[PDB]
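*Asks:* Chain by chain, the residues:
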Amino acid sequence: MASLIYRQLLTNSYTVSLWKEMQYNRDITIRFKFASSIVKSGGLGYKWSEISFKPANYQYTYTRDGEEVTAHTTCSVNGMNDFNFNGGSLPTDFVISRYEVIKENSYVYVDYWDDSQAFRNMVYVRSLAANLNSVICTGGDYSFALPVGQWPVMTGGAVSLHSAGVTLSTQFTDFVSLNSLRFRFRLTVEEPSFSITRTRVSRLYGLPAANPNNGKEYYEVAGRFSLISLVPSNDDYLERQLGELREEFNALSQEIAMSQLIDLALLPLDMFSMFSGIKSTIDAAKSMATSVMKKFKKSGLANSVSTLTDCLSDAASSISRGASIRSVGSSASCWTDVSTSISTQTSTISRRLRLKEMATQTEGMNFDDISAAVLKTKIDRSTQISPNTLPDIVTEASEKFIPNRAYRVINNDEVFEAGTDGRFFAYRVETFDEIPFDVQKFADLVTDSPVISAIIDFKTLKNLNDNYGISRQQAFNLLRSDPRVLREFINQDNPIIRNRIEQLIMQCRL
Amino acid sequence: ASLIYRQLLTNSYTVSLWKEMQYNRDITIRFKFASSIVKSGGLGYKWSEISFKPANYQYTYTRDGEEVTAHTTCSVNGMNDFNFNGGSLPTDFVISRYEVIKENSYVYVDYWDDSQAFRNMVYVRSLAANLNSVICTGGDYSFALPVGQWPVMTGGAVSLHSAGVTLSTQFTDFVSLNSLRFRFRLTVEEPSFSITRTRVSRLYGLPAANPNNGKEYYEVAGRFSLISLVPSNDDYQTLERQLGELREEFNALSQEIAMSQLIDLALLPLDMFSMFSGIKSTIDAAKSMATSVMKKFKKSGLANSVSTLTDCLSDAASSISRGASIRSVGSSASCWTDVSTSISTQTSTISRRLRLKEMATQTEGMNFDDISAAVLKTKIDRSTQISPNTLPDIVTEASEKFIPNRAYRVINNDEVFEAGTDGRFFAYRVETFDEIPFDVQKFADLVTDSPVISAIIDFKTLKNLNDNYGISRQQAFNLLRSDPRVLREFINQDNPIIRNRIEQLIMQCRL
Amino acid sequence: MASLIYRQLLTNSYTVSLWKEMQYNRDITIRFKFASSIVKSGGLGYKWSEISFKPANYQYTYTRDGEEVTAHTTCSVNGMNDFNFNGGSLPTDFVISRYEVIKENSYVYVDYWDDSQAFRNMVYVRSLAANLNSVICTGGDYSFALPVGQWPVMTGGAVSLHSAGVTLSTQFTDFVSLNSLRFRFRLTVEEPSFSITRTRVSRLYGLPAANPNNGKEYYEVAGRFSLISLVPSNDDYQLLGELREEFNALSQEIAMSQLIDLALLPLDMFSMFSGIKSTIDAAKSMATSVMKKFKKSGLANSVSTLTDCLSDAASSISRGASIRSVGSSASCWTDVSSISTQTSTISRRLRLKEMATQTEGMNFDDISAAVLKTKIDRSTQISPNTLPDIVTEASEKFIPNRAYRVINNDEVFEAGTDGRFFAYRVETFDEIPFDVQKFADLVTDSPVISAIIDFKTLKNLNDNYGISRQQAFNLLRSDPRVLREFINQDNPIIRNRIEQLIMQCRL
Ligand SMILES: *[C@@H]1O[C@H](CO)[C@@H](O)[C@H](O)[C@H]1NC(C)=O
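Line by line, the protein sequences give chains A, B and C. Numbering follows our numbering, with no gaps: position 84 of the first sequence is 84. Numbering follows our numbering, with no gaps: position 161 of the second sequence is 671. Numbering follows our numbering, with no gaps: position 286 of the third sequence is 1307.
No lab work stands behind these hints, which were simulated from the structure alone. One or more hints might be untrue.
Under 8 Å between C-beta atoms, here's a sample of chain A residues computed to sit facing chain B [to be verified]:
1) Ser17
2) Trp19
3) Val148
4) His162
5) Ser163
6) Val166
7) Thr173
8) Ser259
9) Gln260
10) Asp270
11) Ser273
12) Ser276
13) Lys279
14) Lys286
15) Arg381
In this text, a Cβ means the ideal position worked out from N, Cα and C, and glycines have one as well.
Just chain A, same shape as in the assembly:
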């Protein structure tokens, strides 16, 4: 459990979240404006080349419900009809070679954009739809300034714009390029017609392309849109000296309670519990489990685990082991090997039981459990545990917490111990009395059978059985490293155990 957090870091290292589907629902005030292109031919001044529409950019600033919002609109037309009027071939007759008009068969496009969060990084959009209201575009009065004679005026023209389909588009300009929202509008001819006064043309529906605004600042229409777009999870599109952080640990040296520590080290403190409560203040939250894992699977522990896996696989499959490497006792196995007297051999064989402890081949208190409990106590009670600094501190912890530990194995009422400090014992279960430590049997048992972690190691167990005379059940449970009886003793206030626990603390400090 408390070592299952390490096993989980390992397992989920492959993951070493970023996007989010955000829904947006906001009201808008589309204020657009037509624009006309007027090219007058030379000569006397009686001949006009074209009278057409021009896409017109228009940036404005209106008031939302307690916010001031800048916006930017661009109106355009498609499918307009090209009419013309030629009354004579002489330089003194009024002629307009080709002018554009809008009718049913045409459509009116309006690109819209704001500075809001919806259009900040909008490149992908689905579930798009909008409810727009209909308006009325009325043309104005443009006086064709002829040199001499009369002055025809194109006056009138009304047309109702009704909502239509919506899409995306891009407003291109010489400064900014904007991924914008394209509203379509259909046209219904109204009663006011446009007619050129003092001319033989009148009673023709449409809108004139000389003064469509009719001296207005804009044409206003309000709307609402609802869509779902893609945006990065992070809505935005010195820390310490490690010596001094070690001194912060030395300030949190020793004062973990023992009942509380043993109760804390019996909880599956999974990723959520382990990275939620720690220091209760961070904005980013950008997968800090991944941020610590990317440094966790770069260290000696992880490389040694992978080396164990590869020596097992290779040597099993076909590979011979170098003359320095030797098989002690039974058939070859990384678990049973003298890397390279008996003290040395047993320490070397114990250096892999640390990996057994974090390969789910344990039976008891699983020392890495207590190491992780201490870690979760320290990074909780502390404050300089910044997400940049927790990576490689979890690894310094996992690699420098409780280096000198000890293990044991049980076989038919006969226990065989071992430790990385070069110590090796063999002792009976019922009546503790040492035995000649049996090599070629300790290896054969520890290779396969479940191993136990010697928090109650044979020295302390002897001292305890001697002074605090022990019952059979208590002895069996201490051998099996049972937290129930361990905490019953810690509440019985047994100094022979409190000393061992304070020594574990002084060894798990750093």
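Start from chain A and add chains B and C with the ligand according to the hints.
*Replies:* For chains B and C with the ligand alone, coordinates are given in the frame of chain A:
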């Protein structure tokens, strides 16, 4: 079946969308050049420039049974600027500058279609195409001079060979297209271009006056294979009354649920996949349901209480203020024996913390939340109104409001101590069930460390059964330990004192 | 454990990453240039209609710290003031209707772009910052080409460019479109003023809009930028016929003692994909690649279908699916010589009991996964597109026939997918009629065990290599300790069975 709860809590850190798709498609690029003439003033013998322009062409051509709308845009770069002046007079034929295509120059062609490969193509890798080489021959452009003979530029042939491919963007006044950029190199051929009635001929290249030769387009076939990045949901181009209805559906299917098969299902490690693959129809290409449910799951009473238990063991182990403050019954306070709010009160307050022993792996028996999850799975699989959009926060409301009033027990040397959130507490013996005074300050020290077991077989029904349907020692031990073997044995032997308890639990998981 | 890896694959199926937040910090040499637009009115040539600025593109190639980098810089100005100077209403007096001048109120924009990686796919950016140094920009000598008269020369003018905020922009052209970075610069007038000679204008500050480059090839200013952008993790965005034979060549070369030592380890995803000397792309996407095919197979579909049938057997009861049930009642764990047929059919779901964590012994799929991890670290032919569906063909075709047992009151009931059943007592091996309709009621709920030590070899062993009570109980329970102890005692009646298991783990 609480493995779903455990894995949700564990993988809540992850809180998929995009997808790598391969597209291998044929194309018929029907492209076209366009020339830009500018004729100087004076008489009409003087030409300012004769150059190229980016030339767009949109059309609609037939695929193998599909009508595909397409869009091409051709252009040339690195062309050579030749000139030719017959003199300095207003009447002499002069072309101050004209562009010609040679080997050193390159031809660019942007291509786009209305198929699926191009709708949201913004990132691409493994890009490659198999294009064939073509030939391009010059046209016949008759320079209109005011008076006299009529020179005509005629000839020129250059072969276009396929080359590297990349991306580009075809801008217009109406649309903007994320397009594919085919590049082409040039190699001279035998037909050379020359102006009739003029002292120039037998020089290689392709003129820029009229490349199309009057052809409506030049056509070249190809195929392209690539790998692009796109959103999963292909839709990026082109609750009180409902929850009450679902409550009613649960409170009408609860009794239609069975007991034997439910106990059979409650021994299954139903992982995320096992729970979210067997949806009724996998309705339409749903999102990551684990993330969808978790982003609601980790805001609730359950998860916040887990975090509180965590932090109250943490601070308590860090400094002695919290342990000393929680005011336990006595003889330890790690965090668990805390009374926020007599015996009844303490026991209920402690059992509301024992609610986490189930999803803390501190159990040994039937693990009641397993039954809750199983009933949830059964109902959301046999229901019709359950949507993937409303299942988030329903997987949380169920976990939070299933079996609010529940009971737990602890065994210690042939002495069994029960307790419940409803404020009940019974102490008794294992073999000969006989009530006994309940021992506070011992029940707490035992439930802290010793494994805790669920009260599906609680003392009341246990004693009714021991009287009517009197039981043997091994079966009684296994009922205490809540074994599925003996439980299913009784459920197949049709014991109504267990069937009624199970139906009660069902009426409590009704929601 | 070695089956827990399959259960974990199934669990993490929801993850079936691609993007990443990368930090780029690179040095750059901003070599920009101004450009002016001199428009001359008609008449004689003394009257100037306008002298404005123009967006000035410049494309070049410069040397970074061991790199040769191609770059592109676009200079522009904004908020420049418009001054005028008229010497008379005649066509023969030197007049400039409008000329643009620079002061504090104005700003200078510079769009910058390179061919490096930082600019290849820059579409999203955050935490943008930059360190730029200030420079001085001065105007040259633009001689107004008067047909006749004096020669006015606009000369002088200097301005100090101080850094300002940075943003994004897009440089558009008739050839290329570049997602570029917009460096903005504020201006402070310097001591040298701009003045037109042989003309009544002097001792006025700013930068002349006529010749701001001063005849230079560029204005060089160094800089550095830092950002955090989104990028595809795959850093490139901008053919079984012989595999089976390799497996069957590697099958028996593998040993047995060390294989059993390795088949007890929870070789989770890290441990399973660490010893693979993968490619730069496989190490990034291996797990999801194999998972997207692992949840497409008969194994996954059968698991999901058992789950669907358990849900439907708990719900349907009022209309309960009455297909068949031998035993107490419908379970969907027992859904069906007739006896041999039923047993094989039940064993095709005891494989799911195996990969559902409801076993006690060596859990044959675990041995299969151990063989897999021992073969795919040796096989030379392993590749990113290749391991996916090899993991699945392995999981599907390793040990097709496999047997199981259930113990009840010292009476073992066996079963096998090969249509064989054996009932027998633990202490005294002697067969018994196989009790169907009880074997099912027991295998349904009681734990099951695997047939690594199956009855045939078990009896051969109890005959030849006389066996003790505890050793026999542990061999029934399928204990790896006693298993490895026999394998080290060199018992051919177990070595042969293990070799058979290998040869079935063949692919
Ligand atoms: C066949 O395998 C054995 C061990 O399994 C090995 O010693 C031998 O060299 C192999 N044969 C060849 C030709 O390599």
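*Asks:* Now, for every hint given, state plainly whether the structure supports it.
*Replies:* We went through each hint and held it up to the structure:
1. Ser17: holds (6 Å)
2. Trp19: holds (5 Å)
3. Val148: It is violated, given that the least Cβ distance between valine 148 of chain A and chain B is near 30 Å, above 8 Å.
4. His162: For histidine 162 of chain A, the interface hint is violated, since the closest Cβ of chain B sits about 21 Å away, which is over 8 Å.
5. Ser163: violated (20 Å)
6. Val166: violated (13 Å)
7. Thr173: Hint on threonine 173 of chain A: violated, closest Cβ of chain B at ~12 Å, above 8 Å.
8. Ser259: holds (6 Å)
9. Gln260: Interface hint status for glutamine 260 of chain A: holds (4 Å vs cutoff 8 Å).
10. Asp270: Since the shortest Cβ distance to chain B is 4 Å, the answer is holds.
11. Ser273: Hint holds; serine 273 of chain A Cβ to chain B Cβ min 5 Å, cut 8 Å.
12. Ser276: This interface hint holds because 5 Å falls under the 8 Å limit.
13. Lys279: Hint violated; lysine 279 of chain A Cβ to chain B Cβ min 11 Å, cut 8 Å.
14. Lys286: Given a least distance of 11 Å, the restraint on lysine 286 of chain A is violated.
15. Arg381: holds (4 Å)
In this structure, the hints that do not hold are numbers 3, 4, 5, 6, 7, 13, 14, in rising order.
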